[PDB]
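J.: Here's the letter readout for the chains.
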Amino acid sequence: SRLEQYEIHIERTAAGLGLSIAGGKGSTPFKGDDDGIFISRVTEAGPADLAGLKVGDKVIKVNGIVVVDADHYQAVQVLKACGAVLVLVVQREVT
Amino acid sequence: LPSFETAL
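Note that the protein sequences, when read in sequence, are chains V and Z.
Heads up, the first sequence stops at 85 in the numbering used here, and the numbers go up one at a time, no gaps.
Heads up, the second sequence stops at 11 in the numbering used here, and the numbers go up one at a time, no gaps.
Be aware that a few hints might be false.
Some chain V residues close to chain Z (C-beta under 10 Å, calculated; not the full set) [stated by the list, open to error]:
no.: 1; residue: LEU9
no.: 2; residue: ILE11
no.: 3; residue: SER30
no.: 4; residue: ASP61
Just a sample of chain V residues kept apart from chain Z, beta carbon distances all over 12 Å, derived [stated by the list, open to error]:
no.: 5; residue: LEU(-7)
no.: 6; residue: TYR(-4)
no.: 7; residue: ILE0
no.: 8; residue: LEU7
no.: 9; residue: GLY42
no.: 10; residue: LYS48
no.: 11; residue: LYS51
no.: 12; residue: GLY54
no.: 13; residue: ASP59
no.: 14; residue: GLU83
No lab work stands behind these hints: they were computed from the structure.
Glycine residues also receive a C-beta, built at the ideal position from the N, C-alpha and C atoms.
Build the full structure now, drawing on both the sequences and the hints.
T.: Shown next, in the form of structure tokens:
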């Protein structure tokens, strides 16, 4: 299983980003003992799905803003506030 | 610990 790092270009629409995040520093980890920010949901045919985001992706950066060590509220505010277009850097396990 | 999930 390769750990790959991808850029995902999400265009915000009237339906938001079409994703959910779980985790964050100081919260219950989504995956093992890694309390980072993970994609827990992807809205079918939503902006994130069109851009190629997958559930289980770990969010590393948003438009160059690092959120690897963000707590949950920090990541929410970055994802809400920081652009009509969000270029996410994510890490993903690939077969 | 909190268990947060936020739809966006």
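J.: Non-interface claim for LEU(-7) of chain V: all C-beta distances to chain Z beyond 12 Å?
T.: Label holds. Min Cβ-Cβ 23 Å, cutoff 12 Å.
J.: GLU83 of chain V clear of chain Z by more than 12 Å, beta carbon to beta carbon?
T.: Correct as stated: the minimum Cβ-Cβ distance to chain Z is 20 Å, above 12 Å.
J.: The hint names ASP61 of chain V as touching chain Z; please verify it with the least Cβ-Cβ distance against 10 Å.
T.: 9 Å, holds
J.: Non-interface claim for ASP59 of chain V: all C-beta distances to chain Z beyond 12 Å?
T.: Fine: 16 Å to the nearest Cβ keeps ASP59 of chain V off the interface.
J.: Next item in the hint list is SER30 of chain V. Is there a CB on chain Z closer than 10 Å to its CB?
T.: With Cβ-Cβ at 5 Å, under 10 Å, it holds.
J.: Once the shortest beta carbon distance from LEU9 of chain V to chain Z is found, is it less than 10 Å?
T.: Holds, about 6 Å.
J.: Is the nearest CB of chain Z more than 12 Å from the CB of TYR(-4) of chain V?
T.: The claim holds: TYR(-4) of chain V sits with its nearest Cβ about 19 Å from chain Z, beyond 12 Å.
J.: Once the closest CB in chain Z is found, is it more than 12 Å from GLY54 of chain V?
T.: 19 Å, holds
J.: Find the nearest Cβ of chain Z to the Cβ of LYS51 of chain V and say whether that gap is larger than 12 Å.
T.: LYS51 of chain V is indeed farther than 12 Å from all Cβ atoms of chain Z, at 16 Å.
J.: Is the claim that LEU7 of chain V lies outside the interface with chain Z correct, judged by CB distances over 12 Å?
T.: 5 Å, violated
J.: Examine each Cβ of chain Z, and state whether all of them lie more than 12 Å from the Cβ of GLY42 of chain V.
T.: 17 Å, holds
J.: Have a go at the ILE11 of chain V hint: is there a Cβ in chain Z nearer than 10 Å to its own Cβ?
T.: 6 Å, holds
Comparing the model with each numbered hint stated earlier shows that hints 7, 8 do not hold.
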